[PDB]
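K.L.:
The primary structure of each chain is shown beneath.
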Amino acid sequence: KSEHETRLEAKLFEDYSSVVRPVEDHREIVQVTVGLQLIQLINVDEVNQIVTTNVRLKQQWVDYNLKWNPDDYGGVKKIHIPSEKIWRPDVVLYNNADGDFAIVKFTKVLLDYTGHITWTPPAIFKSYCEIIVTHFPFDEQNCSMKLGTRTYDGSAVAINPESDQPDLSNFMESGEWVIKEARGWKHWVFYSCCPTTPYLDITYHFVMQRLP
Amino acid sequence: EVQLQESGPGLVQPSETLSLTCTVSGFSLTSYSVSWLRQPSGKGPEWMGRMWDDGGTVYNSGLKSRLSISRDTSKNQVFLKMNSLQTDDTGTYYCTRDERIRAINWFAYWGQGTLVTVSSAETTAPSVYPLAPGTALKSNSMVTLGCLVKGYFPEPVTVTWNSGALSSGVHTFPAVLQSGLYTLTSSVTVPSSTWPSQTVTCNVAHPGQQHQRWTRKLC
Amino acid sequence: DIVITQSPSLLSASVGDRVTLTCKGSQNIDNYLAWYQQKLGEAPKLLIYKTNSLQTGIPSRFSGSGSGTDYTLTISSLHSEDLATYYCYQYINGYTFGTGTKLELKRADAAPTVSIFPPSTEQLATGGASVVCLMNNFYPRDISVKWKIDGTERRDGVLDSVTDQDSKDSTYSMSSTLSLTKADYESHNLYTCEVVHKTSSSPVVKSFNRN
Amino acid sequence: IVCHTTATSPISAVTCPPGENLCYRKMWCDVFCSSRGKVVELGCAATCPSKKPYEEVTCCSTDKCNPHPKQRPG
Ligand SMILES: *[C@@H]1O[C@H](CO)[C@@H](O[C@@H]2O[C@H](CO)[C@@H](O[C@@H]3O[C@H](CO[C@H]4O[C@H](CO[C@H]5O[C@H](CO)[C@@H](O)[C@H](O)[C@@H]5O)[C@@H](O)[C@H](O[C@H]5O[C@H](CO)[C@@H](O)[C@H](O)[C@@H]5O)[C@@H]4O)[C@@H](O)[C@H](O[C@H]4O[C@H](CO)[C@@H](O)[C@H](O)[C@@H]4O[C@H]4O[C@H](CO)[C@@H](O)[C@H](O)[C@@H]4O[C@H]4O[C@H](CO)[C@@H](O)[C@H](O)[C@@H]4O)[C@@H]3O)[C@H](O)[C@H]2NC(C)=O)[C@H](O)[C@H]1NC(C)=O
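Protein chains in written order, with PDB author numbering: chain B, 0 to 211; chain D, 1 to 219; chain C, 1 to 211; chain A, 1 to 74.
Just so you know, the hints here were simulated from the structure itself, not pulled from any lab data.
Please note that the accuracy of each hint is not assured.
16 angstroms max Cα-Cα, derived EDC-like pairs, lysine to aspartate or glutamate [as the list claims (entries may be wrong)]:
hint: 1; chain 1: C; residue 1: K148; chain 2: C; residue 2: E122
hint: 2; chain 1: C; residue 1: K45; chain 2: D; residue 2: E1
hint: 3; chain 1: C; residue 1: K206; chain 2: C; residue 2: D150
hint: 4; chain 1: B; residue 1: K145; chain 2: B; residue 2: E172
hint: 5; chain 1: C; residue 1: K45; chain 2: D; residue 2: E99
hint: 6; chain 1: C; residue 1: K102; chain 2: C; residue 2: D150
hint: 7; chain 1: D; residue 1: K217; chain 2: C; residue 2: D82
hint: 8; chain 1: C; residue 1: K50; chain 2: D; residue 2: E16
hint: 9; chain 1: A; residue 1: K64; chain 2: A; residue 2: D30
hint: 10; chain 1: C; residue 1: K50; chain 2: D; residue 2: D98
hint: 11; chain 1: C; residue 1: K50; chain 2: B; residue 2: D200
hint: 12; chain 1: B; residue 1: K145; chain 2: A; residue 2: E20
hint: 13; chain 1: C; residue 1: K45; chain 2: D; residue 2: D88
hint: 14; chain 1: D; residue 1: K150; chain 2: C; residue 2: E122
hint: 15; chain 1: C; residue 1: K168; chain 2: C; residue 2: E81
hint: 16; chain 1: B; residue 1: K76; chain 2: C; residue 2: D1
hint: 17; chain 1: A; residue 1: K52; chain 2: A; residue 2: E41
hint: 18; chain 1: B; residue 1: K145; chain 2: B; residue 2: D200
hint: 19; chain 1: D; residue 1: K150; chain 2: C; residue 2: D160
hint: 20; chain 1: B; residue 1: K77; chain 2: B; residue 2: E2
hint: 21; chain 1: C; residue 1: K182; chain 2: C; residue 2: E122
In silico negatives: residues of chain B with every beta carbon more than 10 angstroms from chain D [as the list claims (entries may be wrong)]:
hint: 22; residue: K66
hint: 23; residue: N68
hint: 24; residue: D70
hint: 25; residue: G74
In silico negatives: residues of chain D with every beta carbon more than 12 angstroms from chain C [to be verified]:
hint: 26; residue: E46
hint: 27; residue: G111
hint: 28; residue: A175
hint: 29; residue: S186
hint: 30; residue: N203
hint: 31; residue: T215
Where a beta carbon is used, it is the ideal one built from N, C-alpha and C, also for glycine.
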């Protein structure tokens, strides 16, 4: 019922802060489950070796301050709320060819009564691709996308890949190319600023090969 | 300061509506929610529903059609109405002041309660007979005197002894059912010099029929 | 909804004892658990909320603890005015309550003050008669009453009722009433109340008759 | 030879395996360069790795000679 979901959203957000990490002790690391969903190759520049892909950047974490009791709100166990209103780990795509960080659309999130969040915002990424020179009578190229939190480091927000591979379940195949291979690898990355404090990326790559 | 009182008739006959009230003081209902709970006999408590601080309401989904909660912020009263009654809805009925954290709620305060029993039987008038001893042994600081409350319906019943100056000397006992109507006793210990000199008198009250009476000892 | 079971069901302990009540849940409760005290004929009082937050006003002898599924209330040094029923309750997934742990006090033995009262003038007019016997202030609750009409006993038409332990002195109290017709009352002469408690070898006896 | 390594987290001193007896440090700007500084990679190599115009490799043959640039060598 509308009335209960209205009240629910008000009650949840009266004393909410989107600025603080949703943790009880500030030593807790927020666990974010990350997954890249590849949807469609929408452009292929062979001169500059750039491919524009349509993706969704699927994210999952738990916000402890957004739990509720379903009996208080007519048995409602989930709501959709705008992603602008909540705290987010600020996971971004980079190694982008034209415009260094990828702009991701802010779709609504699925929230549930345990404070679980699922967010699957769409984006357009532009990879740079390396030509694979091992054996290419049939041409092959390797395109990769890095994911990581823009500001938070590994001792505040840990990103964890949901799978070893990018999700190709809603991937619309091409007429010219085929994805030979595709994996995700998580890395610990260190920067000059910060000897003691690591950062985290997940690099998804796919090798696209031309059909005969 | 923070108080709740639950009022309402002890007897309601089946296939009818039950109307309760929760008079409140110490706080405003606009800033604090108020819930309704009850404890069925030989069972645990359960939450019936809530009057929100913002005026709206929410109900136990099992009682959803029967219930309807309202309020009057000037009168500081929260109301309950519960139609289509039956024998299975026999118990004590409390209202509570709810505290919160973010979207979560819990029950902070309570009122005394109200017993509510569902049977067709007529509200019976009590009988308060006196109980006074025959022999008087010594002039000592302890002598027991009592009142016999016989044949009333329904529970509870509340006994008073010389207004309320009895205090720590009084005992009253659980009532017993003999044939569909209750019966109870109550006593008090005094100095044995008091009983002959002062007049001795108890007074009883019964909420279902509004019954009231006083009796002095004919020693 | 989450079902909750409190142990021990009934608890006996003396003053100054360190008692611990438990409250295990069928599913994870995630620390959203409260405790309240219910004395007889009084408004229930909240002791603890969110597992271990002490309510403002409540004695420091009460404390809470637990996580996940198992929770505990502790009373470190038991006072006499803590004699009540103690209910736990959960408030993240519906609102469910615990079965109840009843707290009873251990004590020194006490002997009942037995008195007897013959049926009054008012009741005799109505065509009925009730002889009552009050056994006040004793411990333990191990008491047998016996009525006698001209020396032989009468089990028929007797209704006993024992109270719950007194708040002040931890004693029980009993009252039994023999109900008779006016016909059956003065059909006999000697009316006697015979009380057996372990604070005497022989029974205590109180009685009257026509004189 | 013992080398610092960004293979682990936090950074650790590791016995560089047989054949690989140089310790190295590669640095390069990524997208975060203006806020966090250059990326820092530390490890083992047999021969000194391939520099690229944007990268900045260095090499050395002594124990713990490739620390993080905000930590002391040796
Ligand atoms: C197209 O382009 C893309 C994009 O450029 C290319 O993508 C690259 O693809 C390769 C794979 O082909 C990837 O290499 C693998 O990377 C993973 C992950 O690396 C990260 O994590 C490592 C370990 O972290 C864990 O353990 C440590 C404890 O030491 C712990 O601290 C940590 O918390 C965590 O739990 C890090 O060591 C590693 O650091 C390295 O890289 C950094 C930069 O990326 C750099 O800063 C560091 O200095 C350091 O150089 C990094 O953070 C690795 O796990 C994996 O390593 C295994 O495989 C290789 C095989 O050559 C081997 O050298 C390793 O010793 C290791 O070996 C295990 O697996 C082998 C099979 O894979 C097997 O043969 C071995 O027997 C061994 O297996 C044993 O252990 C494992 C458990 O670890 C167990 O499963 C087995 O049962 C067995 O017991 C590779 O290095 C690149 O990461 C990736 N790059 C990017 C940017 O994505 C793509 O390849 C291109 N494709 C084509 C076709 O061209």
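K.L.:
Take the hints in turn and mark each one as holding or not.
P.N.:
A quick look at each hint next to the structure:
1. C:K148 - C:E122: 23 angstroms, violated
2. C:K45 - D:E1: 14 angstroms, holds
3. C:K206 - C:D150: 14 angstroms, holds
4. B:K145 - B:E172: Measuring from Cα to Cα gives roughly 22 angstroms; hence the hint is violated.
5. C:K45 - D:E99: With a Cα-Cα distance of about 14 angstroms, the restraint between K45 (chain C) and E99 (chain D) holds, given a limit of 16 angstroms.
6. C:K102 - C:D150: 42 angstroms, violated
7. D:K217 - C:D82: Distance of about 37 angstroms is beyond 16 angstroms: violated.
8. C:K50 - D:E16: Between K50 (chain C) and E16 (chain D) the Cα gap is close to 39 angstroms, so the pair fails against 16 angstroms, i.e. violated.
9. A:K64 - A:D30: 26 angstroms, violated
10. C:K50 - D:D98: This hinted pair holds, its Cα atoms lying about 14 angstroms apart.
11. C:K50 - B:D200: Violated, because 38 angstroms separates the two Cα atoms, which is more than 16 angstroms.
12. B:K145 - A:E20: 29 angstroms, violated
13. C:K45 - D:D88: 27 angstroms, violated
14. D:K150 - C:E122: 12 angstroms, holds
15. C:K168 - C:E81: Holds, at roughly 7 angstroms.
16. B:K76 - C:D1: Distance ~13 angstroms between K76 (chain B) and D1 (chain C) Cα, so the pair holds.
17. A:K52 - A:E41: 14 angstroms, holds
18. B:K145 - B:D200: 6 angstroms, holds
19. D:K150 - C:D160: Holds, at about 14 angstroms.
20. B:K77 - B:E2: 14 angstroms, holds
21. C:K182 - C:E122: Given that 16 angstroms is the threshold and the Cα spacing comes to 12 angstroms, the pair holds.
22. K66: The claim breaks: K66 (chain B) does not keep its Cβ more than 10 angstroms from every Cβ of chain D (closest is about 7 angstroms).
23. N68: 6 angstroms, violated
24. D70: 7 angstroms, violated
25. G74: 6 angstroms, violated
26. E46: 7 angstroms, violated
27. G111: 6 angstroms, violated
28. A175: It is violated; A175 (chain D) is separated from chain C by about 7 angstroms at its closest Cβ, not greater than 12 angstroms.
29. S186: Per Cβ check, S186 (chain D) is inside 12 angstroms of chain C; nearest 9 angstroms; violated.
30. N203: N203 (chain D) clear of chain C: closest Cβ-Cβ about 15 angstroms, beyond 12 angstroms.
31. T215: Per Cβ check, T215 (chain D) is inside 12 angstroms of chain C; nearest 8 angstroms; violated.
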